[PDB]
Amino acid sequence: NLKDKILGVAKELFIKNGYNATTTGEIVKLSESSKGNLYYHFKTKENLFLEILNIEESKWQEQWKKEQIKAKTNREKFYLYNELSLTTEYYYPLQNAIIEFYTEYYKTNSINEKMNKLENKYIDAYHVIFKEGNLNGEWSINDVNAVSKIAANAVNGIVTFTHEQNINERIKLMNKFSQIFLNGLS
């Protein structure tokens, strides 16, 4: 494909480099396509980027739904989601670029928007898990929205700022995290 082949190349650079880093020049020279191409569906370069962010979040959320089945209690769904976060090839590998992207677009208002709409998906999984856990009586949270935001950010932190040491050590910490977090909910 083409419209779907650019996405694929940019994704690679954005990760393999960063937002500021990788450039529309490089995107094109490693992919092969005129400039305008990136102008219809791809308004700006930050449009191509918010696009990739959309796919990835979709894909990771899809995979998680095709995987949460292995977890009976929501308590277990919480643990599972946090460990899978460490291994997916989706979304989380773009956190640095995103961090960077935000530190240079928070100055526009069209940014504090999309970058905040994508946040709804991001925290949704925890919302379902947490609200469902309330219905299922596993715990009793009155500020589900706050708790979901906190879990998602905390977890994205462990996933993102421990990205150097051994994966089993990480999975270990993440499980100890899920342990402590949930134990503090009640």
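Here, rigid core means the biggest group of C-alpha atoms that superpose within 1.5 Å across both forms. Positions refer to the first chain, counted from 1. What changes on going to the form deposited with the DNA bound:
- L30: CA moves 2 Å or more between these two forms after rigid-core fitting.
- The rigid-core alignment places the CA of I111 2 Å or more apart between these two forms.
- Relative to the superposed rigid core, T44 undergoes a CA displacement of at least 2 Å between these two forms.
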Given for the second form:
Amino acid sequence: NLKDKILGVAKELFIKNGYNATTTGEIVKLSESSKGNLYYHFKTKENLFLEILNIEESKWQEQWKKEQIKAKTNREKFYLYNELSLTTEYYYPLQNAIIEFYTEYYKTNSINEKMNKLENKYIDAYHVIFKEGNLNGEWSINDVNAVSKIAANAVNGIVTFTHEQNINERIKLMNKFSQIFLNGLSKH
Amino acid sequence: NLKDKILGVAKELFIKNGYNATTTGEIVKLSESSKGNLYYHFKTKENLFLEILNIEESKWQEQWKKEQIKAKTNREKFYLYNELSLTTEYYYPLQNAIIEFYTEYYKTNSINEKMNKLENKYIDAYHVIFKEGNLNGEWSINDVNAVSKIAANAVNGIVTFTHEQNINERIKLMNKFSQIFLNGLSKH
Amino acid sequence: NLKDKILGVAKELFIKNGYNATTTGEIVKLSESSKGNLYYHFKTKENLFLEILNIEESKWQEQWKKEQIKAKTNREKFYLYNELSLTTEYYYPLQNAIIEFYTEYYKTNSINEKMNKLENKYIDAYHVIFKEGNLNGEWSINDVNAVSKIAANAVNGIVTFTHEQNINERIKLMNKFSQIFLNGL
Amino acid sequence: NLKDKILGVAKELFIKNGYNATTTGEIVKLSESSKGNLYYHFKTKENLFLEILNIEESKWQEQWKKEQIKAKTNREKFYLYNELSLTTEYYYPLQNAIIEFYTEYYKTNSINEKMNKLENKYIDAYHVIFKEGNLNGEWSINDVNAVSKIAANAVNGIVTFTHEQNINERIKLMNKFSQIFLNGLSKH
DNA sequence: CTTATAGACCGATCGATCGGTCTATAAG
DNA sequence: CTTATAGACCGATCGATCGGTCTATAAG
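Please supply the coordinates for the form deposited with the DNA bound, as a counterpart to the form solved without the DNA shown previously.
Below, the chain from earlier opens the complete complex, with every other chain and molecule after it.
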């Protein structure tokens, strides 16, 4: 119970202040539990974070496969999946924290691999929208794992590095991007 | 000159470990000075950082001034800018610290302003490269703003979210993107 | 039942690490029990430790009682007592923890004698051996008390402080001491 | 200075309560300094301890260096060394903390080596007395290596495990001991 | 009731850590 | 005065540790 309360409050703060910047005490205060409790359930702050990450990944893989139904075309998917990046409440929100985290804990194998994993998931969602988009005669794409990578990483810059502007502004800026991108693909 | 030495080692550590991970103690150990001297020549770690961003962003602009000469067309600029912003050892190599720093001290719009100004200098390079082509038939985009931002964050996403790869590798990915992005532009 | 298994891991840990060094959660984990069950069968880490002490001292006394049967003379006894405090697995292996534990609690009258007589039982054995060795002409210790303490302590040092060499190596050391000591009476 | 105060106080405390039992908070309190300062002067609590140990062995090495002149025969030095061993305020008085510390850190090699080297110095001192005594014909020992370790650990027990007798009554036991030991070292 | 067994939860506090300040220098 | 260099020291915390307690279960 208090565990979940902690997982919840931790996410909120991490998204809002980042990893390092977010303090154990605050988590516990808001969570209304105890440091002793937080550390009872997660060997450490790092673990508290990776945990939240998994919980987040799944909470999304789930939202995508369930939300992409309404999309008919393999193109509509690209348009949507990118739009979600901004409207979602899972994984993307705490992207900054993820950088901040990977940045320093990049020399500890336990953490690294554990994160590239989530990374690739999103890299893949693209590999699919693109591949099956190929054969379904929507575009012929030479290298797909590259275009899928570009697309994944570029959409990421747009999401994390555009925070200052508005939701309905971001949602719109993203759409425009999707468009322009859904072209360099068309012919050769 | 220790101020130079110091600025120097501090750039390494910020690039290598990020903001919160770089400590004043390390900085004085590698620069071989003292807390006194470090704090004499600099007010706060914060202002140490900000000085560097600015001193860096400038050396970048100097680079670009010299590099864009060896280019004839705007489309040619794009590819070059984007590739440069991957090979340059100025400002981009600090994208990490810049993000964690922003995310934490974004609170008081004291650091908020300062950062935007720096990041807006980049959105501007694009606005030039873009409006310059809209007057050279290079292409046509009724909204150079939105596209200067898209291009800006996107390319940044490409640069920061890929530390994995080999530079030669990155360069190719970048160029692929340049082409793709450019493509989907002037065609009503 | 579990109380017994728990006493087991607890004893092992207290010997391997110190008293402070040994955590309850560790005890819980290695015995696969739980906090609840641990703090039900035992009142406190402190008491858990002491109970282990009394039991162990007990089984040692027992071991000595049997084991010495094979020692005709007091001289043979001495050598055996010493070699035994080296090979035994009761009580002596807990020396460290006893020390650490008292150094942080001899400040109370509770733990004071509560473990002070647990050891005088060792200066005792030496007293018997030396004494009964006097009324046997094996030697003429005109001060069993001193010599009895001296031996008990010298042996505790040799046992406690040389924990690095191998067991048979320690025994060689221990027997050499045994001979020198008797040899000097 | 405030560094020295810390060293002084941390010894008494360790001697009195043992390693794990002496808190950094208590040391700073009495030293009238701060945790910040203490952990600026010594990387860690353990390190503080070894530091103390170093000062201790050598302060001891001095006391002996000086006292071993009041003796004309190695037989003499043996009695002295053992007496000095339990009157000195150096090293020996914190055997408890050492024992404790040694077992708890038995696995960390850094510590192990350091700790052993320290102990060996005491064993060597005996080895010297014995070897000299040999060449001087005061006795004949075929295995001074062993008798040294024995003499050292034996004398150690008498010293650490008799904390309740009156010092002058203790130099009495020890002396009886030295007589026995030395005596049992010759043919009969 | 009693006996056991889990296990979530915490008060108290421990050993670090990290910006940064203050006093001492020295020399133009 | 100024610039510049050193370094002992600490305030404010921070993440984790560790005995130990309280509720929940179950079976006799």
